[PDB]
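Visitor: Okay, here's what each chain looks like letter by letter:
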Amino acid sequence: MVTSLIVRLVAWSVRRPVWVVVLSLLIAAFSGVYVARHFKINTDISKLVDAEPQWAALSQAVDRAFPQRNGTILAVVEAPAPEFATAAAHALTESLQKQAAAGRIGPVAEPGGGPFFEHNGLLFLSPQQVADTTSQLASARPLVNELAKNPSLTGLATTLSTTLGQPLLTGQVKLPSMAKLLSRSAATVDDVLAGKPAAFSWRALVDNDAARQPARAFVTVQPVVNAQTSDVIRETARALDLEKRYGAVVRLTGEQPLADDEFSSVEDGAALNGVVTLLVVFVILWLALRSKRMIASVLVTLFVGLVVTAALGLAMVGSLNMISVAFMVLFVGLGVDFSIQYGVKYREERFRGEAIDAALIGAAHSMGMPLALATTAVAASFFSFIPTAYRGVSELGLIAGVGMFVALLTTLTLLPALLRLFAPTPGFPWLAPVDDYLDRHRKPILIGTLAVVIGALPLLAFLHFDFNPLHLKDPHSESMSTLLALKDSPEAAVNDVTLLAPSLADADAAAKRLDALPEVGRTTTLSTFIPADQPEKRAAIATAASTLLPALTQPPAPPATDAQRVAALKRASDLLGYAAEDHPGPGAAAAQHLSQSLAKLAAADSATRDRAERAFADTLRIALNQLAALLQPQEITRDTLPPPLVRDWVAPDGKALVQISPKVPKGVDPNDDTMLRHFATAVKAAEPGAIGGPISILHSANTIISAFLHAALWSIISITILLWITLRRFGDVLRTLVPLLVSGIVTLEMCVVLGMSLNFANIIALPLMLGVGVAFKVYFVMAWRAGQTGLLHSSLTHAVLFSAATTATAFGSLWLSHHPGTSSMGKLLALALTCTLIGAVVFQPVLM
Amino acid sequence: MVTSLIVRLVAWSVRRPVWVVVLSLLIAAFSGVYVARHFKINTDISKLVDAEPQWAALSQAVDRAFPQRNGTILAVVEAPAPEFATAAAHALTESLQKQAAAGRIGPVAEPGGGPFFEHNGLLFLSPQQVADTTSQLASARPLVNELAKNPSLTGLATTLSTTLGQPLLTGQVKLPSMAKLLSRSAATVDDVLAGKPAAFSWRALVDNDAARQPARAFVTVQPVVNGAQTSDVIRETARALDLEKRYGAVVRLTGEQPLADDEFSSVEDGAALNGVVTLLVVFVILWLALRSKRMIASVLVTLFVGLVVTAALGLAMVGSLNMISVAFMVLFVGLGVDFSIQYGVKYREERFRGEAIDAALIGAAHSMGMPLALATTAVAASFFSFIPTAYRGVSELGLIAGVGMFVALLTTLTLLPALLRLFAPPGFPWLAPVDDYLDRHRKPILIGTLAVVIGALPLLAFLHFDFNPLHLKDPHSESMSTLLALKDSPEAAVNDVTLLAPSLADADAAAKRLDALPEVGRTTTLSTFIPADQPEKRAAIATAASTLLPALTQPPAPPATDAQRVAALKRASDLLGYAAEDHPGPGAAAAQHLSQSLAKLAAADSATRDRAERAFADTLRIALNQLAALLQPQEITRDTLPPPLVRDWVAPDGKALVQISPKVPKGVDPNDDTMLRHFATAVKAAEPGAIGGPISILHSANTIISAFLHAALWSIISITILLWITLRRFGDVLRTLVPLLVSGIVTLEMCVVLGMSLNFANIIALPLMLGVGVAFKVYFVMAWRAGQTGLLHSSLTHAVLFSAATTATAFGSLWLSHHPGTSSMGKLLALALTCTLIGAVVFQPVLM
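Taken in order, these protein sequences are the chains called A and B.
In terms of PDB author numbering, the first sequence is residues 1 to 226, 234 to 431, 437 to 860.
In terms of PDB author numbering, the second sequence is residues 1 to 226, 233 to 431, 438 to 860.
If you're looking for bench data, these hints aren't it; they were derived computationally from the structure.
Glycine included, every Cβ here is placed at the ideal spot set by N, Cα and C.
There's no promise every hint is true.
[What the hints assert, rightly or not] Some but not every residue of chain B turned toward chain A, in silico, with C-beta under 10 angstroms:
#1 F477
#2 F720
#3 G756
[Unchecked claim] Some chain B residues flagged as far from chain A (calculated, every beta-carbon gap over 10 angstroms):
#4 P53
#5 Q136
#6 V144
#7 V224
#8 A430
#9 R452
#10 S501
#11 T536
#12 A569
#13 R659
All chains should be built: construct the whole structure from the sequences, respecting the hints.
Guide: Following this line, the structure appears as structure tokens:
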């Protein structure tokens, strides 16, 4: 039946050889040009996995109401001080605004604090903290008065030594109270002396308590309505030289730059890794059949089928997405096996004494239904993902599956043709001690390994899974690295889900509903930008401003010369030592540490003293500018908010989206499914419309989890029925199935032993290894069909591991892909190929 | 030739039956008395699982330096209000303090605040906070002057309406500022009218921290250095103190020992009834197998004789019966009666197949010698597999049960034949449809299940362990229910690790170093009881004391009459209604809410007014009492700390002790190993000497896993070699080993499907089922000698089903136990038994 059609198709192809080559090359030429017409690649994360129309409408609501929300970029400005970070964002925000007005990018806005928060920021506090801060600030009038008159370095050492001489004696100020200022000042000066960059963050030493090391400032760039936005922010920040002036760095992230870094890890070295993979195949191909004229004929059919696969694949998938690109390596890994398994047989037919076309048609009866069993089995594991909403894998299985058939059809028509036009002692003594041990002890070794896998069966208890898709995104990329640092920042709404409400009145009642949950914590509406009771706070701030603003706005200072600078530095260093020895205690240790730094600073140079000044005076002049703005607040009403601030929270309609900043406490990273799954499943149980962040990700996992679960079940049914139709004996269906079970546990059992938890792209390989697992049982059973002699000798000569060396060369190519998403798949495909090969050599009695 | 040796034991047992009954009864008599003299049971958690001296000397280092620290039992005092909570703890502490001196219990101290913390409370705040809290209190003097003079419901409503009258009109005070005061007032008043517990807490409104609604107070007693013990002594005082009902509080006890003995209580909720109802089920199964009164009675006697000599040998070689090892007798009844079920009915058929009494006993001993000697040695091997492991809870159970299996076989081979010949005593139609479908369609059903199992292999990826042992404990006893709610309280410090340092100056170096790690939160040495550097706050609080304390100490106002109260309540209710409509705002809606509640209150009874007064005025008494005590701080010398404080932190040897309370996320999980095992590995890595809470638990799991994992591997190496020796030929060892692999996955695959996690007692059954798995493959293979077809018929009329029903009755009894550790094991043993039964029937063509 099936074996008669093949020798008929070979006889046809071997009767008319020249007609095949000119028809294949013509179809290969038509298929080659066909590839270039519409070779399009999609890198959107939304086409890897599909979602039901319920989840699609919710994600379409928040997007269609706020079309800007998705494509916004998040620029992270990072400087050695909050003052230099805030001042750098302002420089960057201003030059970005100029192009936005020209239509190059969309509205530029900074969340942490634009001109709106810089002035009215003191109003957002609680009502009691304001009157307390105005009380501290009003009493700080003589201190801020001395700082505004001379912000210069010499003016700081002057107001320092002035305090370190008489106030300590008078009893008005004490030494341990300054130790909070001196120690940080001493640590700041020591950094300036060491040469490494630092800056005295005047804000962190007084009003603020959090002295987090890498101070940062954020500025968002919404997209245009119609080089695009990600290139503009790179040019302006380069032209501004605000990295050289303010000491900041511009790091950008967002919806779209994340996805383009994903595919950036795919193409990285792919040209080098693709060509070095074919060389390994070439060396393995020559090791099988060793004849330069046969290898050429094999590599020609491999190229033709690969082109027809890419042509027939592009037609039915349109886009070649990030996950669907692996079909290229899999074709060259598996399709050559057909040419390896058949070519080495013809080489043996030629060896035994047969010649010419008899050897070619003779190998068509041996490798007849075997090469049709393997091809239909591998394609069945590819097709097993087709009926699933996992388009990334579904497209892969569609291209590779039909690619397996055309590859087999290529091996049956084109390869016998070239082996006709062109045409051409094993000796392996190193298998001797192994096959001696094996064939003498293959009886207890089987029971040995079988008892082991049942003993390690409870290792699968700790077979842990991985749930957050951030672990397969390459963390050392520029887009992923900045996102992971914004976990602690509340203004980087990176872990927030969005819920669209029918009004701002509804959203405030929903945000109050969500705040009742223990997972939620921070909720923000547009009303969150309307503080509670502003009249009280303005009444206290204005009184503090009645005494501070006269003291904060002093005339400038004369640029003191160099000799006067060292004078006040030595003067400030000398009055500390006497202050530390006359009044000992905890502050004396801090005061005496500053004496050494100032003395070393005064005896350094003038360029380094200008550095320390720019690290003490400059950051003071920036900090003083902020206090005056904070003391001057206006009235806040819904119609007194900036126009862009309302468009980002209430669209020109009645859509007030609620962003739920989940509780940001200290512990593990947020992306772990510990609290972010608890938050995403509780805030979804409350408000069912909530979608976007942790919720849209959690629903993505359950869509991927139920995705491969069917395909694995789809494989064995489509493969078991496949083995019953061909092999009608049920005694052989039970044959090939048992090692599939043993091969399937040992891999899972190895993932515990080696320590490689299953993830989302990694798990794709579990269903595929059923079609390839029975494709190598078919290969092996032919190498040992001669006899039970040397299992390694037979398979070496009959070239089954020469097909495994090519298939493992395929999986080895995906293993070295830099991208941890695909590289976790290749590590599974290679681990399951090794458990298959060892699973066949060991289980010869059960299988044959 | 054990079959010949076995008949030697039986032919001797027959002919002289009186020699057996008398000798075995004496052994049971000698054994029964031995079971009475020894019956020790230790409930400590440490006897179950062991550890090397590193985790044993560090445990003893802290214990030796602080012997009192272990047995201290926590006593939570929860009341409707914080002031009612602390006032009930004070009554509880001083009554416990009397009996501590009497030698009944050890020293009684309250961690939250005794007279020490109550007076120096403000000295522990941050320097800026207390200087600000001092200014707030000082200006609130006219309010407390009105409150201290009239802590009475009439004086409350009078101070309310007085403020609403003129200060609201003149602009002195504003109505929205009282919205928080008026709201919780109206909330409290409505509670008094509703009848549920109410108590206006002046803490949760003035300081406005809004502490948790179930306000808690803690008092710890230690055990005596050398009558009912300390756990009941606390329950006796607060029961007879009666004021705990008046103060509104209930005391609940959690400790190290009062929590461990509640677990043993959860083992015997209705276990005595569970034990006897188990025998009644086995009794009906025994009749269904060998339906004759004399054969049932004969088996029940030899069952008890083996049960008592096993219980005697068990104590004579383990002594202890920890709650993991206590579940051996239900396993004996379930698994020991199986031997008397196989031999009892083989005799019954062979006797009914045309033989005499002496022939049937001896003929049944011939054809069941090697089988019953195989199953016995096989089940014993799974128990013994836990012997060489540091998991004594199972090592003891495995020891007693294993020595009992050999005894059970020996009891069936000698005693049962003796009793049987002295006393002396198969058509099922409903199997026809199922046996027909099975026997005619065995070919594809086997391929069907062996396919489905291979496809459900990726399900094992979501098999999840449960690393913490708290889910294993009963969550509805008093001790466990108490400890679970203590996650919020920091001074409870329920999950702290204890590091023992040489000196306090050195312990301060470790405590202040551990604070650098991200998940460390708080550290407490004795030096953290020397609060900060606050002689300045002594002067600040003194200033507030100069004006507040004179206003605090007022002469007790005369008790207002009954007529004036409703007059004063309506005066406050009628002024609230006008306050809301004349001067409106956000607090006007709250002021209107209180007006209705006051009017409803002022028209109910004269007992409900004193009722709400005991919730408002009897509370103002306490709050004002705390304000006076808080304003008198005294000094912070290391010698001001009381003697118990120094003893509970600095050892007499000079050793200081650091408690590390992990950083408390505001989020969710209080028990998941995500952050508590993170804090257990970061603190253990930084400070290796750490031990106690999470570290002693996390290390306890990894030694259970290692002890458990080896037992599974040790089970098959025991069974496989036992199958190599007894069963000759590799074709029969592989015949029964492959279905062991199949059943092992289907159970784990069911834990994924059903949703059963794998814990620490649940996991004991995985190695135990390798022995039970082959014991029924030995039973089934005998049932299918005569009737290899009609295998559901044959398995019924050949004992296997009636044998599996007694085994499931053993596993069913453990399922009904209240202890979730034991119960989770009983659910795994049943699911693994229900998979090996179906695993043998479906996989019939694999064996005979």
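Visitor: Which hints, by number, does the structure contradict?
Guide: Hint 5 contradicted; others consistent.
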